[PDB]
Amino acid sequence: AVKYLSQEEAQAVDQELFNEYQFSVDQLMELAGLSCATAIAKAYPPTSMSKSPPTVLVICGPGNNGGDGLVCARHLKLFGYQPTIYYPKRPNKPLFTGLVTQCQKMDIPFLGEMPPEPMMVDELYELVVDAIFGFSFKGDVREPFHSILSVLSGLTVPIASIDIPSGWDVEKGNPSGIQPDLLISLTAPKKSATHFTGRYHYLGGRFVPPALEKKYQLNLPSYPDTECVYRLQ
């Protein structure tokens, strides 16, 4: 059974990947966001949805989890979804400005503001992607993100969270925080995933070298055939 990583373990594994293993961020971020779009398309196939193209709002935060979201949005569009992005706080780095341009060239619209009421979100988007905070955030949720999470917590439509539900303690979870219907753990699940309450938990990010898996005792499941996700039941 797969290892659930502490924040310190997650950070160690990441340090190795981008340093000794010499993977680049945009490379693993590409594979991670592809896994996210893949898990979404598996859990909520366009046929299962009442809108042809199904609508999705992807909300991207100010760090790497936000980047995973941008890559996720672009693959969802290729997979037959109709994504909209809300990306209020963007790092001033070419990685992210390039990702945004890519989404714009995919004809994915960016919102200028978040709808202020859950009912409006419910009415416009069949699914909401939470790409707000990742496993490095240790907190004080400041604004614009506190009120965004407040709206998310009132939604009727499902939320899919990338890696960790935003606003959860990376190890401890958060009983009173958002409760995503889908979680995509990237690389290996974090300890907070033991508190996951939704229907779908997928592992994604099929790039972990066997040597790293062995060193950290990750005990990854076997991804089937050529798939980049695995459904954890």
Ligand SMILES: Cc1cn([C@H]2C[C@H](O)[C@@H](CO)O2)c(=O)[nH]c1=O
Second form
2 protein chains.
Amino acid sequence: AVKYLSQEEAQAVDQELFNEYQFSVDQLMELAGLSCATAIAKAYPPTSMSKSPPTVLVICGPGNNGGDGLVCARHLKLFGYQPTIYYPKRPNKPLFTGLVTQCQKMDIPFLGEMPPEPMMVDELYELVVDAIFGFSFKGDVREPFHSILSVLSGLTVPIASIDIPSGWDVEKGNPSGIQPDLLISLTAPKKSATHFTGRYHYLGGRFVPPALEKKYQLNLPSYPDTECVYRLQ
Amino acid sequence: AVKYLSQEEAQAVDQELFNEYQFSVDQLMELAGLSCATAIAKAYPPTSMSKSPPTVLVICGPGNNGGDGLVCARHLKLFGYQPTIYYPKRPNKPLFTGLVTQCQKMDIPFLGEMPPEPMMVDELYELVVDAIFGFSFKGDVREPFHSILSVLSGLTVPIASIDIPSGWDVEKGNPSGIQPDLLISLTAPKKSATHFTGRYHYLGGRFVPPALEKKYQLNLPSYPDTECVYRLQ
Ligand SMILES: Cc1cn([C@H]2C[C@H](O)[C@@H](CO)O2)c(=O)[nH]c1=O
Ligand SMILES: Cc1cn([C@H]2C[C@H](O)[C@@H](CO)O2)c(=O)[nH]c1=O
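The form deposited with the named molecule bound is what I want next, because the block you gave corresponds to the form deposited without the named molecule; please supply it.
Next comes the full complex, and the chain you just saw is listed first.
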């Protein structure tokens, strides 16, 4: 079966992709985000939803996982969803400035604030994307993110988490944490994925070179045809 | 029906994407090249080919089109093809250095020379990807590309061309140039595509913003579901 990575293992793979393999951050974040959008459109196809176009709130955190979310949002728009973004803490870098301007020009709105009650999220948004924290998160959830996570915990609509459910320990999980209905593991799942109790677990990031895969014995499943996602279990 | 762009309209679309929309070169080239690999895999699926895995020669020119071929070849490898690259003139810019290193660490070999005779290409490679010149190219074919084009025009195996069949005037085509079996038009087809004679015409580069599509009256077709290509005609 597929290998579930430790936090160290994942940080080592991420290091090689940008070092030995000379991938650019731009690049792999674009493929990551596309997988994310693709898994979401496959698990929650626009046809299956009661609103048209179906609405989605994408919550983007302060780092790279956030960047994935912004990429994910605009492909989701291309796929026929009507996304909305909350992005409260934005790094002051071209990468993220660009990603913001692209979304702004796709007419995707960035909210001024997180809606404060879960009921109000539920009412406006048919799905929530958790793009807050990723694989290199180390455990100190500060405001406004704790607040956001606590609103998410009370939701009735599904949550789709990118790479790891935000607020989970990357290896141990968090039973009192958010419980996403969809998890998109990027490149390979992390050990916290073994505590995943949602219906949908997709693997994404179809860019792992065979030699990187052999070395770390990932045992990736075979992606069908030209798909950038693979549904695990 | 879909709009066929003049070279001028294509350059203005392209410039808007990198200027107002603030996409980065990397992002769009990655998506463009993935579209290419996806269209090939759809037109010439691995099961439909005599050898296993199926072999493909990718010929990359000295600018952005060649960039697309380098991305394309790496995705084709992930999709189960066995590509070989010929890349005789390589700009000294980190964009291309990177894309070359990524290909080499995918273990895709680079040829030192073009096979001199059409028959030898035919015997070694089941498909040839023409990523030599793209939409900016202005009439002038110098070495080694004239000679490579001369080899390509005598092939029996199919040629897949990225954006524009290399050696064709970007609007007027070229009665005596190469005649590809597959054309992958990126973003929107160009006027020269009305002179296309092959079996397969795909549209790729599924990143055009609606507002830009409204602006240039592209009348883009509906990509199905989460696909990054659409079969035209
Ligand atoms: C090893 C590894 C890399 N990545 C890469 C892919 C994306 O470019 C970025 C995630 O934001 O880092 C992961 O997301 N998760 C991982 O476990
Ligand atoms: C408008 C336009 C853009 N592009 C974009 C996509 C790629 O990122 C880059 C080089 O092919 O330019 C085309 O290839 N062809 C076009 O006609």
